[PDB]
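J.: On the provided structure of chain A, position chain D with the ligands as indicated by the hints.
Here are the chains, one letter per residue:
Protein chains: 2
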Amino acid sequence: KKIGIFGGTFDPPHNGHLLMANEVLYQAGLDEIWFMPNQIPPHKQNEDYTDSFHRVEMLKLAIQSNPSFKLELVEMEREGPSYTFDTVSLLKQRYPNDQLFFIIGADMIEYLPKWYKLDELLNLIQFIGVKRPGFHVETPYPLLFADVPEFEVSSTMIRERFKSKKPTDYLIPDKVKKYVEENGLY
Amino acid sequence: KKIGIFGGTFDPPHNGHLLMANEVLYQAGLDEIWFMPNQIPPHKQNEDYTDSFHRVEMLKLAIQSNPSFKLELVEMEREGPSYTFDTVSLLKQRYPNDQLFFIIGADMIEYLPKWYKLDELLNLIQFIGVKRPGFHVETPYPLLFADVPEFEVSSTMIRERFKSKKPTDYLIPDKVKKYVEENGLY
Ligand SMILES: Nc1ncnc2c1ncn2[C@H]1O[C@H](COP(=O)(O)OP(=O)(O)OC[C@H]2O[C@@H]([n+]3cccc(C(=O)O)c3)[C@H](O)[C@@H]2O)[C@H](O)[C@@H]1O
Ligand SMILES: Nc1ncnc2c1ncn2[C@H]1O[C@H](COP(=O)(O)OP(=O)(O)OC[C@H]2O[C@@H]([n+]3cccc(C(=O)O)c3)[C@H](O)[C@@H]2O)[C@H](O)[C@@H]1O
Numbered sequence: 002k003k004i005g006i007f008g009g010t011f012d013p014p015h016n017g018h019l020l021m022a023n024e025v026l027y028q029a030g031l032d033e034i035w036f037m038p039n040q041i042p043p044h045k046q047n048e049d050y051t052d053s054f055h056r057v058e059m060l061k062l063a064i065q066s067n068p069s070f071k072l073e074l075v076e077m078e079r080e081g082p083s084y085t086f087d088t089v090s091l092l093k094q095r096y097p098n099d100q101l102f103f104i105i106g107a108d109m110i111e112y113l114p115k116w117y118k119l120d121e122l123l124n125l126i127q128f129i130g131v132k133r134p135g136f137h138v139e140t141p142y143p144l145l146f147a148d149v150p151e152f153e154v155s156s157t158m159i160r161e162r163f164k165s166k167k168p169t170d171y172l173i174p175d176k177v178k179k180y181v182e183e184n185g186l187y
Numbered sequence: 002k003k004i005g006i007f008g009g010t011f012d013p014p015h016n017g018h019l020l021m022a023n024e025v026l027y028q029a030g031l032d033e034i035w036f037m038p039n040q041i042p043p044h045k046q047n048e049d050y051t052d053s054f055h056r057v058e059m060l061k062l063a064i065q066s067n068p069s070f071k072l073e074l075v076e077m078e079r080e081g082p083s084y085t086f087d088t089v090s091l092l093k094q095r096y097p098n099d100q101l102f103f104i105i106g107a108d109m110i111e112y113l114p115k116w117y118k119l120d121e122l123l124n125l126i127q128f129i130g131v132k133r134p135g136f137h138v139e140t141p142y143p144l145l146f147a148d149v150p151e152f153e154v155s156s157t158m159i160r161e162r163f164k165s166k167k168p169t170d171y172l173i174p175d176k177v178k179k180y181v182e183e184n185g186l187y
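For the record, the sequence lines run as chains A and D.
Take the position in the first sequence, starting the count at 1, then add 1; the result is the number in the deposited numbering.
Take the position in the second sequence, starting the count at 1, then add 1; the result is the number in the deposited numbering.
If we strip away everything but chain A, and leave its shape as in the complex, we get:
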C-alpha cells in the first residue's frame, strides 16, 4: 500500500494543501495521502500555534470530500514536540508492509537543514518535493520531485486575511471558513 505522509500543523488547512496532496497523490502514484497533524509543531514552539483540537477539526472538514485523503493522529498520540524522525520511526513499525513517502513543499525543502535528525530520517523514509511559489527547491539532500501547479497561499495569509477582514474565499474550503468564524479563531 503506497502511502504519502503529509505532515503539517494545518493552522488552518487550506486549498493549497488539498491541491498539492491531490496532485502528489497522482504524480507519485500513491494509493492514499495521510494528513498528519502535529501535536505541537517542532520548528515552532514559541509561535502561538492554535490549540490542536481546532486544527484537527478544521483538518477533518477540509478533507472529508476526498476518499483518498485520510487523517492520521499518530503524532497526537501523546505529549512532547512532534519530531518527524521520532514519528516516522514509529510509523514504519505499525505499518511494515506499506510503502511510505513523506511530502513537503518548496518551503520546508529550504528548511531541511534546521530539522531534527534529518540524516537519520532520510534513511528511514523518502521525501517528495512539490514547489511552492515564493520559495524554491535546490536541496543537496536525496529528494524526489512531483510537478504540481504552483498555488500561492499559506495559512499565515488567511490568518492575517481573517483579521483585517480580507476575502479568504477560494483559498480555504467554505467549511473551514465557517468553523473559524464560528469557533472564534484567528
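Calculated from the structure, these hints are not laboratory results.
In this text, a Cβ means the ideal position worked out from N, Cα and C, and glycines have one as well.
Among the hints, a few may not be true.
Here are some, though not all, of the chain A residues that point toward chain D, as calculated from beta-carbon distances under 10 angstroms [what the hints assert, rightly or not]: (1) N16; (2) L19; (3) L26; (4) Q65; (5) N67; (6) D120; (7) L122; (8) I126; (9) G135; (10) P150; (11) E151; (12) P168; (13) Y171; (14) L172.
T.: Okay, now just chain D with the ligands, sitting in the frame of chain A:
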C-alpha cells in the same frame, strides 16, 4: 456603482478565475464583478471553443455561491466576433452612471497590442491588471494593478487534464467538473 467587467471565454471556468475576480473585487474596492462570456472569442475564432451554451452553463455554476459575482450575457446578444471595443461601447451606454473597469491577467496584458482597437478602447474604460504565473506584465499602456496571489491554472490545463484523465480536483468547482462529465465535454 463600481463594476469590474471580467471578460473571458471561460472554456472551462476555473478557480483561477474565481480567485482573481474575488481578489480584484476587494483590492480595487469594487461593488461587484461581472463575468462576461464571449459569443465567439475574438482572438481565437479558428479554434474550437465549445458551443457557448455550455460555457454559460459552466460559468453559471462556478459563480452561484458568490453574491458579488454576476453574469453578463451582453456579448451573447448580437452575433459575430465579440470585440471588447464594440461591447464596452454599448456597455458605456446602457450604464451611464456606473463606474466601469475592465480586468485582464498578465496573459492578456502581453496581448494588448494584437487587440482590436485597443487605443480607442483604452480611452473608453480603465483596465485592471493582475499577474498570472507563466506570463508577465510590462506593457507601455495605461493600466492599474491589483495584487493577486499567483495561481498557476488555465482552462487549457483542465481541458487536457479532462482528457488523459488527470486530477482536475481543486482546480475547478466540483459543480463544474460534473457538468463536463455529464455533458460529455472535453
Ligand atoms: N501552496 C503550497 N504548495 C505546496 N505546499 C504548501 C503550500 N502551502 C503550504 N504548503 C505546505 O503544506 C504542507 C504542511 O503544511 P504546514 O502547516 O504549512 O506545514 P509546517 O507546519 O510548515 O511543517 C511541515 C511539517 O514538517 C515537519 N517538520 C517541520 C520542521 C522541523 C521538523 C523536525 O522534525 O525537525 C519537522 C512537521 O511534521 C510539519 O508538520 C507542506 O509542508 C507544504 O510545505
Ligand atoms: N490563473 C489566472 N490568474 C489570473 N487570470 C487568469 C488566470 N487564468 C486565466 N485567467 C484569465 O481569466 C480572464 C479571462 O478568462 P479567459 O477565458 O482566459 O480569457 P481570454 O479568452 O484569454 O480573453 C480575455 C478577454 O479579453 C477580451 N479579448 C481578448 C483578445 C482580443 C480581444 C480583442 O478586442 O481583439 C479581446 C475578451 O473579451 C475576453 O473576454 C482574464 O483574461 C485572465 O487573464
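J.: Next, verify each hint and record whether it holds.
T.: Hint-by-hint comparison with the structure:
1. Given the 10 angstroms rule on beta carbons, the hint for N16/A holds: about 6 angstroms separates it from the nearest Cβ of chain D.
2. A least Cβ separation of about 5 angstroms between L19/A and chain D falls short of the 10 angstroms threshold, and the interface hint therefore holds.
3. At about 8 angstroms, the closest approach between the beta carbon of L26/A and any beta carbon in chain D falls short of 10 angstroms, and the interface hint on this residue holds.
4. Here the hint on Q65/A is broken, as its CB sits about 13 angstroms from the closest CB of chain D, past 10 angstroms.
5. This hint holds: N67/A has a C-beta 7 angstroms from the nearest C-beta of chain D, less than the 10 angstroms allowed.
6. Look at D120/A: its Cβ only gets to about 33 angstroms from chain D, farther than 10 angstroms, so that hint breaks.
7. With its C-beta approaching chain D no nearer than about 29 angstroms, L122/A sits outside the 10 angstroms limit, and its interface hint is violated.
8. Hint status for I126/A relative to chain D: violated, with the closest Cβ pair at about 24 angstroms, above 10 angstroms.
9. Given the 10 angstroms rule on beta carbons, the hint for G135/A holds: about 9 angstroms separates it from the nearest Cβ of chain D.
10. A distance limit of 10 angstroms between C-beta atoms decides the matter here; for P150/A the minimum to chain D is near 4 angstroms, and the interface restraint holds.
11. For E151/A, the suggested interface contact is upheld, since its CB lies about 5 angstroms from the closest CB of chain D, less than 10 angstroms.
12. A distance limit of 10 angstroms between C-beta atoms decides the matter here; for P168/A the minimum to chain D is near 5 angstroms, and the interface restraint holds.
13. Here the hint on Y171/A is kept, as its CB sits about 5 angstroms from the closest CB of chain D, short of 10 angstroms.
14. Residue-level restraint check for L172/A holds (minimum Cβ-Cβ distance to chain D is 7 angstroms; threshold 10 angstroms).
Violated hints, in rising order: 4, 6, 7 and 8; the structure is consistent with all others.
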